[PDB]
Amino acid sequence: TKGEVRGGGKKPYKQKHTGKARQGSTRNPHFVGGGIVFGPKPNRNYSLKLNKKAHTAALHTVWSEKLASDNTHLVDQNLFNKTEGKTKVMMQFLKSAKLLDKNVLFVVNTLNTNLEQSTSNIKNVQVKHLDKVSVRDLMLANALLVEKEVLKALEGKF
Amino acid sequence: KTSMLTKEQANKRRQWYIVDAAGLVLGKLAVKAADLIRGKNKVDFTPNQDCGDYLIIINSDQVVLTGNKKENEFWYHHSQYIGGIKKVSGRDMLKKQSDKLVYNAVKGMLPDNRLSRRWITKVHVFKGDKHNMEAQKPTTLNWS
Amino acid sequence: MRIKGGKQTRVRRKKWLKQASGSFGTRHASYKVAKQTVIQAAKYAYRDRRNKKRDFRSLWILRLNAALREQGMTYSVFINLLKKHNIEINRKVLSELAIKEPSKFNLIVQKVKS
Amino acid sequence: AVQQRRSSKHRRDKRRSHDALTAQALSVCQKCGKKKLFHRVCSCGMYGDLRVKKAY
Amino acid sequence: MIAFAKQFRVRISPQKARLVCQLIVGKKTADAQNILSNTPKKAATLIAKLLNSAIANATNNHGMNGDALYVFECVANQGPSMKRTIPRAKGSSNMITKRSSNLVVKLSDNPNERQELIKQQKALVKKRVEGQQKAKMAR
Amino acid sequence: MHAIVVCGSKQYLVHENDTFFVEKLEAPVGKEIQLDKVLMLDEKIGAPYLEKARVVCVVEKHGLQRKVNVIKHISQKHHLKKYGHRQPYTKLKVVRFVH
RNA sequence: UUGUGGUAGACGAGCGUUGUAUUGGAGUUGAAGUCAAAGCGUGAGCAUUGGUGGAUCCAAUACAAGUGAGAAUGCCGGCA
RNA sequence: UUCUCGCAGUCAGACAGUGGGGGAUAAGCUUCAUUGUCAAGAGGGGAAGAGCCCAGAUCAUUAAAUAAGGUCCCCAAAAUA
RNA sequence: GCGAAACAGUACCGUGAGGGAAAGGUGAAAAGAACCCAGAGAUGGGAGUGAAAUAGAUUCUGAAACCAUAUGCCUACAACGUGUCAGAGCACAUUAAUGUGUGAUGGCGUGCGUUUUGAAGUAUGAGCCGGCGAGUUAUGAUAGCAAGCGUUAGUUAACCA
Numbered sequence: 054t055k056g057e058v059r060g061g062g063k064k065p066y067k068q069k070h071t072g073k074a075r076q077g078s079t080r081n082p083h084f085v086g087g088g089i090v091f092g093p094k095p096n097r098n099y100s101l102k103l104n105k106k107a108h109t110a111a112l113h114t115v116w117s118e119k120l121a122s123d124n125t126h127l128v129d130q131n132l133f134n135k136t137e138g139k140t141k142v143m144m145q146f147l148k149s150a151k152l153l154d155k156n157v158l159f160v161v162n163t164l165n166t167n168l169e170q171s172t173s174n175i176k177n178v179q180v181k182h183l184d185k186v187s188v189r190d191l192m193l194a195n196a197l198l199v200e201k202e203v204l205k206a207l208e209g210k211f
Numbered sequence: 003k004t005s006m007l008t009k010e011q012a013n014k015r016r017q018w019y020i021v022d023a024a025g026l027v028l029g030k031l032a033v034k035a036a037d038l039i040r041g042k043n044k045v046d047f048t049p050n051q052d053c054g055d056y057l058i059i060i061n062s063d064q065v066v067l068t069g070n071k072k073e074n075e076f077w078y079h080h081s082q083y084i085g086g087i088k089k090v091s092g093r094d095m096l097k098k099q100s101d102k103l104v105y106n107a108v109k110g111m112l113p114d115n116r117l118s119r120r121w122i123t124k125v126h127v128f129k130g131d132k133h134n135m136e137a138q139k140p141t142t143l144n145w146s
Numbered sequence: 001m002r003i004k005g006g007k008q009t010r011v012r013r014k015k016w017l018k019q020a021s022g023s024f025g026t027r028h029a030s031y032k033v034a035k036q037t038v039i040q041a042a043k044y045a046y047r048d049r050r051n052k053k054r055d056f057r058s059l060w061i062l063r064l065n066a067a068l069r070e071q072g073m074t075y076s077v078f079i080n081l082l083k084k085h086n087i088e089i090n091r092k093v094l095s096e097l098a099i100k101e102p103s104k105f106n107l108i109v110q111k112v113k114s
Numbered sequence: 002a003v004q005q006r007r008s009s010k011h012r013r014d015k016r017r018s019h020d021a022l023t024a025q026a027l028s029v030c031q032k033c034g035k036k037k038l039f040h041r042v043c044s045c046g047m048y049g050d051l052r053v054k055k056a057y
Numbered sequence: 001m002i003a004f005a006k007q008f009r010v011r012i013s014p015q016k017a018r019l020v021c022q023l024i025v026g027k028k029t030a031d032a033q034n035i036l037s038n039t040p041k042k043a044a045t046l047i048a049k050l051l052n053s054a055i056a057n058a059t060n061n062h063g064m065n066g067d068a069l070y071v072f073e074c075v076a077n078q079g080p081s082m083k084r085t086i087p088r089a090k091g092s093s094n095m096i097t098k099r100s101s102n103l104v105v106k107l108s109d110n111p112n113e114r115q116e117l118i119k120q121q122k123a124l125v126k127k128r129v130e131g132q133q134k135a136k137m138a139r
Numbered sequence: 001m002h003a004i005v006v007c008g009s010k011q012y013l014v015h016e017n018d019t020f021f022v023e024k025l026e027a028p029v030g031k032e033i034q035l036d037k038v039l040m041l042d043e044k045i046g047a048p049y050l051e052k053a054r055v056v057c058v059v060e061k062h063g064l065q066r067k068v069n070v071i072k073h074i075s076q077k078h079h080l081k082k083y084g085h086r087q088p089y090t091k092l093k094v095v096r097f098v099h
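Protein chains in written order, with full-length UniProt numbering: chain A, 54 to 211; chain B, 3 to 146; chain C, 1 to 114; chain D, 2 to 57; chain E, 1 to 139; chain F, 1 to 99.
Hints may contain errors.
Claimed, not checked - Derived, one-sided and incomplete: chain C residues facing chain B with beta-carbon distance under 8 Å:
no.: 1; residue: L62
no.: 2; residue: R63
no.: 3; residue: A66
no.: 4; residue: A67
no.: 5; residue: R69
no.: 6; residue: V93
no.: 7; residue: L97
no.: 8; residue: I99
no.: 9; residue: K100
no.: 10; residue: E101
Stated by the list, open to error - Mimicking DSS-like on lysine-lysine, the simulated pairs with C-alpha atoms at most 30 Å apart in a straight line are:
no.: 11; chain 1: C; residue 1: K7; chain 2: F; residue 2: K82
no.: 12; chain 1: C; residue 1: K83; chain 2: B; residue 2: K9
no.: 13; chain 1: D; residue 1: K36; chain 2: E; residue 2: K16
no.: 14; chain 1: E; residue 1: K98; chain 2: A; residue 2: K73
no.: 15; chain 1: C; residue 1: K15; chain 2: F; residue 2: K81
no.: 16; chain 1: B; residue 1: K3; chain 2: C; residue 2: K111
no.: 17; chain 1: C; residue 1: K15; chain 2: B; residue 2: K42
no.: 18; chain 1: F; residue 1: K93; chain 2: B; residue 2: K9
no.: 19; chain 1: C; residue 1: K52; chain 2: C; residue 2: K15
no.: 20; chain 1: B; residue 1: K44; chain 2: B; residue 2: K3
no.: 21; chain 1: C; residue 1: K52; chain 2: F; residue 2: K52
no.: 22; chain 1: C; residue 1: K32; chain 2: A; residue 2: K73
no.: 23; chain 1: C; residue 1: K14; chain 2: E; residue 2: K122
no.: 24; chain 1: F; residue 1: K77; chain 2: C; residue 2: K18
no.: 25; chain 1: D; residue 1: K55; chain 2: E; residue 2: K42
no.: 26; chain 1: C; residue 1: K100; chain 2: B; residue 2: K44
no.: 27; chain 1: F; residue 1: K10; chain 2: B; residue 2: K42
no.: 28; chain 1: C; residue 1: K52; chain 2: B; residue 2: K44
no.: 29; chain 1: E; residue 1: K49; chain 2: D; residue 2: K55
no.: 30; chain 1: A; residue 1: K73; chain 2: D; residue 2: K10
no.: 31; chain 1: E; residue 1: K27; chain 2: D; residue 2: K35
no.: 32; chain 1: E; residue 1: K119; chain 2: C; residue 2: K14
no.: 33; chain 1: D; residue 1: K37; chain 2: E; residue 2: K41
no.: 34; chain 1: E; residue 1: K49; chain 2: D; residue 2: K36
no.: 35; chain 1: D; residue 1: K37; chain 2: E; residue 2: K106
no.: 36; chain 1: F; residue 1: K10; chain 2: C; residue 2: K14
no.: 37; chain 1: C; residue 1: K100; chain 2: F; residue 2: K52
no.: 38; chain 1: B; residue 1: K3; chain 2: C; residue 2: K52
no.: 39; chain 1: F; residue 1: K10; chain 2: C; residue 2: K43
no.: 40; chain 1: D; residue 1: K36; chain 2: E; residue 2: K6
Hints are computed from structural coordinates only; laboratory data are not their basis.
Think of the CB as a built atom: it goes at the ideal place given N, C-alpha and C, for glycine as much as any other residue.
Full structure from sequences and hints, please.
Here is the structure:
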């Protein structure tokens, strides 16, 4: 700010009887000294609060609009466990299911280690828990693969 | 929109005339002199190319004023020096220099533009009875 | 996000300077002067877009009177003989350039006499 | 005193309109292959006939 | 055919060398050195050496006649100037500006090529017009 | 021969095979239109207007005139109002005007 | 049909820049900037083309602004 | 042009006709009231003008009929008696 | 951007407290130009390397005020805020567009901002040019608009994950 940079507290010129301007100080916002009058400060909140009912209603609406399409499919423990730590098997899976270009996200209730071992070197796939996913990411996928278990919990939380 | 009104293309043609003022008055002679200079009565006038004619007036001495203008009105000329007011009367010019009177009056007829310095070269006035302008074959006419 | 903002100033100044072309002195190079010059030029254009429609009408009347004084009658009398008798809404610039087609205006001149 | 309104390039150019250098007359010496001045002697030392200055 | 000889930061003012540029322009090679080497100005003397070097370059490298040339164009270009400070009365200093000059000269062989640059400009604008025409037939 | 037409509120003389320019008449392109408001045909004088006389002509092309940028500036009183304007016109020639 | 002069001023409708979020595209067959050109809007502005240049930009929707210069006897830098 | 409400800015006026005060019925004076202009209003006339006299400029048009004012020319327009 | 991207609290201003600068970029790699011509030399023109030498040691991009040279046109009887509307002539042909540059000639024509009862001012602010150069932010209140929830409604703060 104006009074935080080091400079001169003494006027370079006397106020009058000088051919140049009235202003005297070396770090005004009108010199080459910095000192911007108005600007960002390191205390900005950058956050906005929403009522919890509205947020859960938005989550429910997004879930309802995304479960009513053929793009998504149901996924269970079977193909999570049948694949090894190798990521190539899941690539062959995606090629078979032609979901390569889709930014499919895995939503899982059990937090399986076999699935989460893979998918970490692809910009398109990532594994998250039910409580971890938000409204945004859930609609960023363009393709959903949901656990069979999460239906009951989603109904319970509405 | 517009019909593109026609202007001449510097196809200026002039004629010569003789007007022997015998009992004319200065103002009514000067108005028609300017009329002939600017070609006001000609059907082909535009101000941008000086559509005019030539005017030669003879026997300038014989033009007569009216009323008591002879001894009352004064003609003034100024020299840029101090007190240089050349003041004359009508009867003085009418005997000494009569062409100057009509010359100044006609120069008073024309607008103070860049054509007046070319409009005034079109008039020729002579104090006496003879002129050397008998080389263009003009046509005589009165009251103009 | 600190903003530099360089393109806008350049494009605005170039656009303003391009308008005032063929200008005396430095008035076609200094943007600060060029804007004032184009302001005054466009104001003159605004006033002249009516001044010219008036001045043309003035020259219109003048050149009609020039032709009509040759027939020994008055221009106002000609407008009169158009309006009250032998009703004619004939165009003035029409009858003006009908001087250019020879003697065809004389038909209208002789027609006003019933 | 000082000037009130800035003199543009026009004023300076019309002022310098008469400042150009005029050429000086030249002549050829009879036994000196040089383009020397008029009524003068060049670097070889002859005004023509009479000699006067060193060769160089 | 140009056969120019450039020079960079001579210790001379622009106008003074410009004067001898008007002085030299319009004459051939034979009647240039003689008139240049007698003017009592120090701006002309450097131009004489530069013109001699240009003459040598033209005669050697580009290989024209070397006896049918004439000076074509002389510049007085303000080169990178210099700034110093000068004392004055009562401690009111001023900035003295030492002027520079970028003096170059060009030679021509024919009474033409003053129009060949114009011809090349016409070719350039013609190629611009042709490039515009090419896009008009892409519909 | 020579003829006279009026369009909108502006009047024009017309010569055969001669073009002239008027405001947009809201007409299709390339057809022959037969204007009614004709006045003072060759040696045929209708005092209010010409009786049962029409002038036929084919429109050549629609066009836009030179750009006119009118700017309103009150002197030293915080005013820089601007406006642009062009003129949609029709260029047309006559072929067979009938008495 | 009624109107459309306009500062102080209320109020409505929009453009532009930077960055980010995605969705598409261009790019050593040549981007941006910049030079000039006789383009297109009601406007802030937006195109096309040739030369300069050898690495980043563009289009549509949103969001956040060190954000749009003619003046402050300005300040830095250059130049009459 | 009344009511409820959001949100301003204005607290130095000038001018002309008229009705009055201070001034000596002197001001381009001051101070009040009343009708209009200017502040924030371009155009035309008044030769040159914020206030005077005509009226409300969206723009383009080389298109008509008028207001105040003028018709010898400058500078568009007229004469008859 | 910290005043300091570079041998910055240095250079410098001061006797001293202290005040306190500016500037970085060739090219992929010096491959930094052997050698020749002019000149004393700096240097330039060449040749040579290199895709490029208009990348040449002044070393990325190179526009403004500025100053020169050149095509086409115009000016030396002209009262001029220098522009605008008509306008002949002249030389060219374009982002094909009632086209472009120049403008002899006629009509009209007292700048831009600020402050002001009042501006071209014999008040003021600017020499030009390029860059920087002011309505935001934190915490609360009021009022409009919009959204969610709603008949015992609505609602989370700090804090933990």
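Against the structure, the hints:
no.: 1; hint: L62; in the structure: 7 Å, holds
no.: 2; hint: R63; in the structure: 6 Å, holds
no.: 3; hint: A66; in the structure: 5 Å, holds
no.: 4; hint: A67; in the structure: 5 Å, holds
no.: 5; hint: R69; in the structure: 6 Å, holds
no.: 6; hint: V93; in the structure: 6 Å, holds
no.: 7; hint: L97; in the structure: 6 Å, holds
no.: 8; hint: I99; in the structure: 5 Å, holds
no.: 9; hint: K100; in the structure: 6 Å, holds
no.: 10; hint: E101; in the structure: 11 Å, violated
no.: 11; hint: C:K7 / F:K82; in the structure: 22 Å, holds
no.: 12; hint: C:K83 / B:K9; in the structure: 29 Å, holds
no.: 13; hint: D:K36 / E:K16; in the structure: 24 Å, holds
no.: 14; hint: E:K98 / A:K73; in the structure: 26 Å, holds
no.: 15; hint: C:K15 / F:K81; in the structure: 17 Å, holds
no.: 16; hint: B:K3 / C:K111; in the structure: 29 Å, holds
no.: 17; hint: C:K15 / B:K42; in the structure: 46 Å, violated
no.: 18; hint: F:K93 / B:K9; in the structure: 23 Å, holds
no.: 19; hint: C:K52 / C:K15; in the structure: 28 Å, holds
no.: 20; hint: B:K44 / B:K3; in the structure: 28 Å, holds
no.: 21; hint: C:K52 / F:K52; in the structure: 37 Å, violated
no.: 22; hint: C:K32 / A:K73; in the structure: 23 Å, holds
no.: 23; hint: C:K14 / E:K122; in the structure: 25 Å, holds
no.: 24; hint: F:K77 / C:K18; in the structure: 26 Å, holds
no.: 25; hint: D:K55 / E:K42; in the structure: 25 Å, holds
no.: 26; hint: C:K100 / B:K44; in the structure: 12 Å, holds
no.: 27; hint: F:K10 / B:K42; in the structure: 27 Å, holds
no.: 28; hint: C:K52 / B:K44; in the structure: 22 Å, holds
no.: 29; hint: E:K49 / D:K55; in the structure: 25 Å, holds
no.: 30; hint: A:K73 / D:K10; in the structure: 28 Å, holds
no.: 31; hint: E:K27 / D:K35; in the structure: 18 Å, holds
no.: 32; hint: E:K119 / C:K14; in the structure: 29 Å, holds
no.: 33; hint: D:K37 / E:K41; in the structure: 17 Å, holds
no.: 34; hint: E:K49 / D:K36; in the structure: 17 Å, holds
no.: 35; hint: D:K37 / E:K106; in the structure: 26 Å, holds
no.: 36; hint: F:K10 / C:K14; in the structure: 39 Å, violated
no.: 37; hint: C:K100 / F:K52; in the structure: 28 Å, holds
no.: 38; hint: B:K3 / C:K52; in the structure: 15 Å, holds
no.: 39; hint: F:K10 / C:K43; in the structure: 26 Å, holds
no.: 40; hint: D:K36 / E:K6; in the structure: 27 Å, holds
Of the numbered hints stated above, those contradicted by the structure are hints 10, 17, 21 and 36, listed in ascending order.
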